[PDB]
Amino acid sequence: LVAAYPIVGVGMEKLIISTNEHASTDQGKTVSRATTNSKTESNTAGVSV
Amino acid sequence: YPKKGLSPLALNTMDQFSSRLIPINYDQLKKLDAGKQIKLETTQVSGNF
Numbered sequence: 001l002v003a004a005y006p007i008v009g010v011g012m013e014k015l016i017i018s019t020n021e022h023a024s025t026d027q028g029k030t031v032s033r034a035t036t037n038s039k040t041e042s043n044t045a046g047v048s049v
Numbered sequence: 001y002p003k004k005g006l007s008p009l010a011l012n013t014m015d016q017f018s019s020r021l022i023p024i025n026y027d028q029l030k031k032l033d034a035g036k037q038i039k040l041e042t043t044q045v046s047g048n049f
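Protein chains in written order, with the working numbering: chain G, 1 to 49; chain P, 1 to 49.
Hints are computed from structural coordinates only; laboratory data are not their basis.
Worth double-checking, as some hints may not be accurate.
Stated by the list, open to error - Mimicking DSS-like on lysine-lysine, the simulated pairs with C-alpha atoms at most 30 Å apart in a straight line are: (1) P:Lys3 - G:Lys14; (2) G:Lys14 - P:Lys31; (3) G:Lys14 - P:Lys4; (4) P:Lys39 - P:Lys4; (5) G:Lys14 - P:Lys30; (6) P:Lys3 - P:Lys39.
This is chain G alone, in the form it adopts within the complex:
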């Protein structure tokens, strides 16, 4: 009269999450040097009284 019958079901214990990011670091240095050479030339007149 009674039936042969399996009955199952599942149950949660824990849940773990894990994100998605793309971190980045950079580090730099710099060195420089420059020279300058120049030449000027000027004239002047004038009158006083």
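Since the structure of chain G is provided, determine the placement of chain P on it from the hints.
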């Protein structure tokens, strides 16, 4: 398996057709980095006769 004189066996994949090496996120990497260790268990084994 293998015999007494051979090196052990390596597992690194999780597909049916082997690709996709096993990942670990950042918190589990920082826990594994600081001295801890993982534990390995066996649930079932299928085979032939």
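Now the hints, each set against the structure:
Simply put, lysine 3 of chain P and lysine 14 of chain G have alpha-carbon atoms about 39 Å apart, too far for the 30 Å limit, and the pair is violated. Using a Cα cut-off of 30 Å, the hinted pair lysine 14 of chain G and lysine 31 of chain P holds, with the two alpha carbons roughly 18 Å apart. Between the alpha carbons of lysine 14 of chain G and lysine 4 of chain P the distance comes to roughly 40 Å, so the proposed pair goes past 30 Å and is violated. For a cut-off of 30 Å, the pair hint linking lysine 39 of chain P to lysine 4 of chain P stands: about 24 Å separates their Cα positions.
Pair hint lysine 14 of chain G plus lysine 30 of chain P holds up; C-alpha atoms about 20 Å apart against a cutoff of 30 Å. Simply put, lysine 3 of chain P and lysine 39 of chain P have alpha-carbon atoms about 24 Å apart, close enough for the 30 Å limit, and the pair holds.
The structure is inconsistent with the numbered hints 1 and 3, although it conforms to all the rest.
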